[PDB]
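With these hints in hand, go ahead and build the complete structure from the sequences.
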Amino acid sequence: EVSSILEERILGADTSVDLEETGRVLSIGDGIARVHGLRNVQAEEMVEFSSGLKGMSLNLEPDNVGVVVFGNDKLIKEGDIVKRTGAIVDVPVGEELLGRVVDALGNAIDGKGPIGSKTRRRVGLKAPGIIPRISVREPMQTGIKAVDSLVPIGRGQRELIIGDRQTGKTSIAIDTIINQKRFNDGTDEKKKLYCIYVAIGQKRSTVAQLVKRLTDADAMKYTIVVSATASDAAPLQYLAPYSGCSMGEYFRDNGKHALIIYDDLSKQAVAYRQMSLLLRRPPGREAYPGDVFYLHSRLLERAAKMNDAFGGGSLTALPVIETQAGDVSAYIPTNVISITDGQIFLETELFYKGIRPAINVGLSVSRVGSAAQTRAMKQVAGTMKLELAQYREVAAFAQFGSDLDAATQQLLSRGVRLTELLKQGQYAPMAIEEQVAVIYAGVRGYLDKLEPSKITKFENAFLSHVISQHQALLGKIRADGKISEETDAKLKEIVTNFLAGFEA
Amino acid sequence: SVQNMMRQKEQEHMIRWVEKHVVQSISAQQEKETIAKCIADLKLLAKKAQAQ
Amino acid sequence: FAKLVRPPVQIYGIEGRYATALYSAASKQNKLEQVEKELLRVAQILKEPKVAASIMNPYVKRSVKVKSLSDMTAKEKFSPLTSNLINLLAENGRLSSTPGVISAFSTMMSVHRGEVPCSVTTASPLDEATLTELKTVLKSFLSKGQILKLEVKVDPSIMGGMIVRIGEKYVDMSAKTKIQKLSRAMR
Amino acid sequence: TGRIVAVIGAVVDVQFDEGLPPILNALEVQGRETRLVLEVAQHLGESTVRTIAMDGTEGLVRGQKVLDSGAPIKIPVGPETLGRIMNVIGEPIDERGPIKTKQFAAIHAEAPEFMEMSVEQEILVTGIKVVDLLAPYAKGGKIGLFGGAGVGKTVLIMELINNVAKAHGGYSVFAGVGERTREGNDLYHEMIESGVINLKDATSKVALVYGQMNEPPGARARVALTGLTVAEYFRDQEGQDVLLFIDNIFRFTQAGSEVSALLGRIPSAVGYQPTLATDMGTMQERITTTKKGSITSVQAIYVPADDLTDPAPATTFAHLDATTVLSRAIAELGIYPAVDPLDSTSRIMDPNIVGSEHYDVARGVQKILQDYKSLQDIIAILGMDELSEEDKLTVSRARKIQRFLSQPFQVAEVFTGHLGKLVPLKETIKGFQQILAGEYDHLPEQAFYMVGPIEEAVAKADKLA
Amino acid sequence: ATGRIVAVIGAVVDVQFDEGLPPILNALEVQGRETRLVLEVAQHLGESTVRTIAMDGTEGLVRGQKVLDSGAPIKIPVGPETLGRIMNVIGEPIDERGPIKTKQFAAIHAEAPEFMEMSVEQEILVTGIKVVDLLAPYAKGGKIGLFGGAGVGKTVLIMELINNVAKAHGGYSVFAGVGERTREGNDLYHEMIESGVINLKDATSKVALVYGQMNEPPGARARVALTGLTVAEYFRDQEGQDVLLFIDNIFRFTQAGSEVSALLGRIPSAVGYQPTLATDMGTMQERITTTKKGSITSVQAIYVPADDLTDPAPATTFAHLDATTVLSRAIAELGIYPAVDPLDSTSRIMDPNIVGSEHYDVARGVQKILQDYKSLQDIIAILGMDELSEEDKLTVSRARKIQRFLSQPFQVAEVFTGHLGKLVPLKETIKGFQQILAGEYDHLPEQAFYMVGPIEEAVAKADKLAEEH
Ligand SMILES: Nc1ncnc2c1ncn2[C@@H]1O[C@H](COP(=O)(O)OP(=O)(O)OP(=O)(O)O)[C@@H](O)[C@H]1O
Ligand SMILES: Nc1ncnc2c1ncn2[C@@H]1O[C@H](COP(=O)(O)OP(=O)(O)O)[C@@H](O)[C@H]1O
Ligand SMILES: [Mg+2]
Ligand SMILES: [Mg+2]
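Chains as they are written, first to last, in PDB author numbering: chain A, 7 to 510; chain b, 160 to 211; chain S, 1 to 187; chain E, 12 to 476; chain D, 11 to 479.
In case anyone wonders, no lab produced these hints; they're calculated from the structure.
All residues carry an ideal CB built from backbone N, CA and C; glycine is no exception.
None of the hints are false.
Here chain E is said to cover these stretches of chain A; the calculated rule only asks that three of the stretch's residues, wherever they fall, bring their Cβ under 8 angstroms from a Cβ of chain E:
1. 34–48
2. 299–305
25 angstroms max Cα-Cα, derived DSS-like pairs, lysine-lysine:
3. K139(S) <-> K206(b)
4. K181(S) <-> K80(A)
5. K3(S) <-> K76(E)
6. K384(D) <-> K359(A)
7. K202(b) <-> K178(S)
8. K303(D) <-> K218(A)
9. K181(S) <-> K191(b)
10. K135(S) <-> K196(b)
11. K206(b) <-> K153(S)
12. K181(S) <-> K83(A)
13. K153(S) <-> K196(b)
14. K391(A) <-> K175(A)
15. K378(D) <-> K359(A)
16. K169(S) <-> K153(S)
17. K83(A) <-> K178(S)
Shown next, in the form of structure tokens:
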């Protein structure tokens with residue numbers, strides 16, 4: 007029935023005539039067309055040429071209009087016809103996009119079929135003000151033992167993942183998508199999360215490897231991926247951050263929850279600098295224009311925690327920023343630091359010393375603080391944060407230390423063993439009830455006699471025990487939320503029973 | 160995976176024949192051009208009455 | 001400063017600054033038709049090999065190129081305000097761009113009665129009944145009391161249709177209805 | 012009227028016919044939903060002005076219509092502006108109805124003349140024991156507040172509002188220059204739960220001006236002028252002793268060097284504007300003590316890349332008269348407020364300004380607090396008992412002094428349960444004049460923790476055991 | 011459609027047409043020369059005036075030479091007949107052996123394959139080098155990068171992989187040389203006849219060659235790399251074989267476009283490159299891929315200017331590479347050859363589900379003892395070597411034997427060394443490094459591992475040093 011569906015489309019096609027407000031082309035070069043005419047175009051309005059490419063008019067000058075091109079300029083000759091559409095740029099949005107691969111303009115690139123979305127939304131909208139917001143209180147669970155213990159993330163906070171090349175910045179933001187599967191197949195409607203992933207200027211083979219990683223873990227039925235790759239034109243890597251917040255604001259407007267990841271924002275300031283200097287705008291520091299702060303501020307301020315009178319929705323934003331030689335005092339690493347709330351600083355030195363994920367907790371902060379942790383995690387990690395911070399003071403005495411006080415030998419002894427609890431393999435996100443049990447085994451003092459090399463083998467043995475043989479205790483910390491006095495004694499003989507006969 | 164993959168092979172080969180075969184068929188229809196002008200302006204007569 | 005009347009086209013450039021400054025002085029004193037008849041004859045009396053030479057030749061002087069032009073515009077027909085215009089073009093060195101100022105002024109004076117003509121580019125010229133029918137429906141579209149002019153061009157690359165522009169309108173009925181068959185592919 | 016000829020980014024060019032408006036006026040675009048105010052900055056010739064926008068610029072067609080106010084940006088000012096939230100153009104942004112008042116004022120206003128300045132220094136008393144003794148506040152001067160989040164800064168803001176309205180009777184304005192929306196919402200609700208703003212009656216003590224961070228770079232630079240017009244009403248018309256809070260001053264400098272680069276100007280040194288020394292001049296000279304009243308300013312200062320000689324924290328430093336620094340290492344010691352006594356400086360600390368009674372008391376406190384800082388290292392490395400008997404009292408007295416600097420605030424009565432104490436000036440000088448001489452040394456340490464004057468110290472030694 | 015020349019400034023020639031305007035990226039033939047001079051259109055300027063870039067020199071050009079148009083971009087000849095021939099940018103043969111006679115002509119400007127034409131499978135391609143196969147394994151159909159400064163060994167290490175890999179490979183091979191010394195294109199034509207890879211007598215050759223060197227005008231060092239991967243696109247697409255591709259150098263594609271830029275009318279960006287730097291780089295590097303019609307292994311040498319990997323030309327190629335092999339001058343000045351940095355080389359298949367759990371815990375066991383050796387050098391500078399404890403006098407002596415065991419005597423570097431060429435297999439590289447870490451060779455001095463092959467020769471070299479005391 008292949009002939010029937012092709013005959014179906016062409017009778018269902020609309021072949022109607024209209025008017026236009028055209029204007030000829032003056033000088034096409036390097037992706038900037040100059041059009042004479044078009045006397046009633048608004049700023050940032052989408053036009054379309056005679057070949058089929060589309061264009062967004064950025065400069066409204068007296069005798070001409072500067073329009074960037076969504077493609078390649080070898081199809082644009084001098085003396086063409088630039089018709090008018092009559093509308094600012096708009097993307098399809100809805101529930102139907104869940105589990106698809108889209109480019110920066112909402113077309114389908116995965117070849118399954120066209121989007122059946124019935125709604126449409128602008129990309130240039132504003133943030134909510136001061137009144138429709140409320141303070142962040144619910145936890146956003148990542149699944150990394152070092153993030154949820156020391157640098158937590160609430161549901162509406164902006165948290166920056168900053169670090170050099172090749173240190174696991176993409177991998178931290180790829181198991182946070184995997185970890186929300188345990189809520190997304192259940193019943194509790196106010197604990198589900200939806201993830202969006204924006205790739206800005208990466209090669210096509212890398213995105214084709216990451217969709218297969220999220221297809222394997224059955225985590226591409228609630229995730230959308232917006233791909234503006236390296237080969238695509240310079241303005242399509244500019245729209246693609248603003249084409250993802252417009253899909254993450256449909257879930258905030260309708261009482262649901264969301265998550266978005268910009269990978270990465272340091273390749274949007276470069277794809278926008280090229281568009282500026284070809285339109286002859288006045289440069290500034292490192293040849294960036296005067297409004298690169300206004301480019302990133304009005305994208306991150308769209309992440310908000312709404313209140314109950316508007317729906318109770320949320321939007322959480324995680325931008326990735328690549329530094330060069332660990333210098334965060336550059337132009338773009340200081341714009342996005344002063345906008346967001348806290349940073350996660352992944353070093354390269356700790357990655358080869360064995361600490362993986364290589365989160366430096368000396369420089370990582372979060373300014374929502376402890377108000378986004380559950381009551382169980384808050385009780386044990388408040389002492390762990392104080393215990394680790396006393397270790398980092400005395401880390402420089404470990405290389406030659408045996409003639410020190412027994413308190414200082416103790417402070418070294420707990421700091422090494424708390425570090426081994428923080429290491430974690432890739433694509434293994436845990437639960438908060440299993441996370442609080444492992445921290446409780448360490449911060450109390452139940453490990454200062456076990457050898458520091460065995461802390462990993464002890465932990466994988468202990469976790470597989472309490473899943474099968476103590477399942478009714480990890481339902482009274484998940485549902486309770488806090489850890490009571492009854493569960494404090496019940497957990498106390500558990501880690502004493504396992505530690506007694508362990509080495510076998 | 161064989162019944163649905165091979166259907167897309169002749170879906171694209173269907174349109175590969177037609178769009179190269181339309182232009183060789185309409186090139187000699189100059190007798191259709193004398194009505195193509197006569198049908199265009201009546202839509203323009205329908206069109207210029209819209210703004211007026 | 002004083003105010004100046006705005007032209008209905010408002011073109012730009014170094015030649016539009018001189019076709020606007022004359023339109024702001026000849027709309028005053030009601031002399032917009034006297035300058036136009038003079039300017040279509042100063043275009044003729046410049047392109048003679050005695051006079052086209054030694055105006056673009058840079059090695060004469062500024063002042064003796066004025067005196068060879070201050071009597072040439074004085075003896076034949078002209079003593080209006082327009083004699084100061086040729087006197088001002090030769091002072092600023094802009095005597096080369098004098099066809100640019102003249103050709104701009106005709107279209108700026110055209111729009112006082114003109115209509116920004118059409119373009120029908122389909123095929124070989126057809127019979128008279130098809131031409132008079134389009135000339136009597138496009139008269140219904142202007143609604144401005146102005147007798148429209150029109151041009152016809154021949155372009156065989158369009159298969160069987162025609163494109164029509166009215167000023168800056170550009171309706172379209174052409175071979176782009178074959179390019180709209182991507183709905184059989186893109187769906 | 013005028014017409015728009017060119018739209019390039021956040022810079023609009025307007026063509027007029029007869030009424031060419033002067034510089035620093037304010038136009039208004041006709042045909043749009045929300046107010047879009049353009050500010051004239053250059054006369055480009057042939058009746059064309061160069062304007063910087065104040066909101067979004069998209070949707071603007073070449074050849075629209077633009078009116079003219081004939082005056083600069085005029086805001087609603089008055090005494091009924093206390094307790095409301097406004098942006099840079101005077102509009103209310105908290106959905107509590109339109110602000111209604113009698114008169115308006117323009118934001119671009121000249122400095123006071125030379126014959127109106129004060130001819131003498133004068134100390135402002137705020138009640139806090141650590142501020143009004145070691146780093147005192149001059150009336151009219153500019154104050155720099157070092158320290159950021161997690162140190163307890165937003166309590167010190169909310170408490171200096173409360174004490175000046177008690178001991179002096181002068182209200183305050185808060186100006187948020189390019190501040191976050193998430194952190195500019197919590198300060199709204201932290202002031203509600205402490206009484207300084209009130210939704211039921213007319214006993215509010217502040218007015219909020221919030222120019223938030225996602226606004227165009229012309230609209231983040233004029234917020235510190237809109238929030239200074241309101242502070243000039245309560246001095247020129249009523250004669251109060253006003254305060255003024257800017258948070259922070261680096262986002263006023265940095266928002267200046269993006270208007271001066273969108274307008275096509277060659278940058279100065281490291282990236283700033285050519286006019287870095289007059290934009291800091293034609294703002295901070297309106298903050299002065301005239302013959303009617305005064306305006307005092309507390310400003311937050313962020314130093315980029317830890318460079319104290321960068322031109323943004325070097326232009327600002329020539330205007331300040333006193334700096335107070337919030338150390339986090341005193342917040343983990345238990346002391347509140349967490350003001351460092353050794354690393355705070357004052358310019359008016361002088362025997363010919365505050366007199367000899369304030370001087371030789373506050374001089375000896377910083378000297379004794381250095382000797383405990385030098386003797387705390389021998390005790391940590393070597394041990395305790397080797398030092399002399401004359402040095403054991405200096406170890407004991409300096410732990411009495413650095414706990415006598417603590418003070419319970421009136422803004423925290425609900426949480427920590429204590430009573431908020433407001434200490435006048437003559438009690439704080441009398442108190443530390445006796446701790447130095449060994450007059451109250453036999454009492455233990457916890458009699459001095461979190462009290463008011465020296466009278467309530469000996470009334471707390473009786474309750475122990 | 012003829013056109014005239016109205017301006018010549020440097021390598022940028024302006025050409026005014028009258029009736030027919032050719033589109034951007036075409037070929038224009040200058041009539042009037044004895045040689046062939048082709049102009050490539052780059053911009054439009056209005057009133058029928060284009061602005062071109064010249065492929066050859068511009069001496070002897072006069073204002074008014076009539077210029078023809080082609081109607082198509084630079085179509086080089088392509089096919090099976092081009093094997094064993096050196097050719098120019100525009101397709102002329104410069105081996106002086108006659109015309110390249112083939113049937114297929116192909117433009118050098120073409121699109122990139124879509125998202126549903128990508129392949130996803132990963133493998134491991136074994137080479138025989140001890141530093142490469144252990145810590146950063148290469149892959150079949152994967153893009154490989156060779157970083158490092160000037161004079162550390164990028165041309166020799168890319169000469170080694172033609173020695174090992176290209177003769178044991180089934181399909182064909184293409185070498186594009188972009189902007190390097192014209193001497194070194196003759197030591198390749200004379201080291202591939204005596205090894206029988208290029209054959210001058212019949213039709214059994216396996217290597218094509220495309221050369222645009224550093225004596226060419228800068229409009230011709232930026233279209234040669236597009237001509238290399240056009241011949242290598244014919245074998246992958248119109249045929250089905252497994253192709254290799256060697257490119258040296260590729261920094262001279264970015265630099266040669268930063269010279270014609272300011273005359274085309276563009277404001278410079280950061281430290282001096284063009285504003286369109288990361289777009290035309292990403293337009294070439296999206297054709298060197300493995301699709302569902304073939305597979306292209308690709309090794310590339312990338313010059314890093316004055317030892318700074320934060321320069322904007324090398325620090326944007328990192329997004330297009332799977333395996334990076336960062337060379338270093340701080341290792342090469344010790345005598346450790348090949349100077350590959352172990353703590354700066356990565357791969358996408360260092361993965362215990364792909365290389366097995368035994369290779370994975372050996373790779374990270376080497377980097378952990380080398381990085382912990384780095385922090386110990388800060389103590390020896392003040393204390394000394396002997397004042398250390400006996401426990402970390404052993405982790406130094408285990409690390410120094412791991413530094414020296416990575417250095418392997420290459421085959422094509424015989425004339426430098428005189429030593430012989432070794433080729434250690436993959437199963438022996440892991441078993442050599444387990445035994446130095448576990449402590450089974452603590453009774454040997456450090457010199458017994460310098461420039462050896464497998465671990466068997468490390469003890470045979472140990473006894474031969476002993477007897478000469
Ligand atoms: N927790 C972990 N433990 C061990 N290895 C890891 C871990 N996380 C990531 N890796 C490894 O690190 C390598 C690179 O990580 P990743 O690509 O996430 O870094 P990146 O900096 O985001 O990359 P890019 O620089 O391309 O953005 C991957 O090969 C991955 O296998
Ligand atoms: N196998 C090798 N190991 C270490 N160094 C080498 C080797 N082969 C060559 N070199 C050194 O590398 C230097 C540059 O060689 P080459 O690779 O041709 O230059 P470049 O890498 O700069 O293109 C030479 O001086 C030579 O001493
Ligand atoms: Mg990554
Ligand atoms: Mg070389």
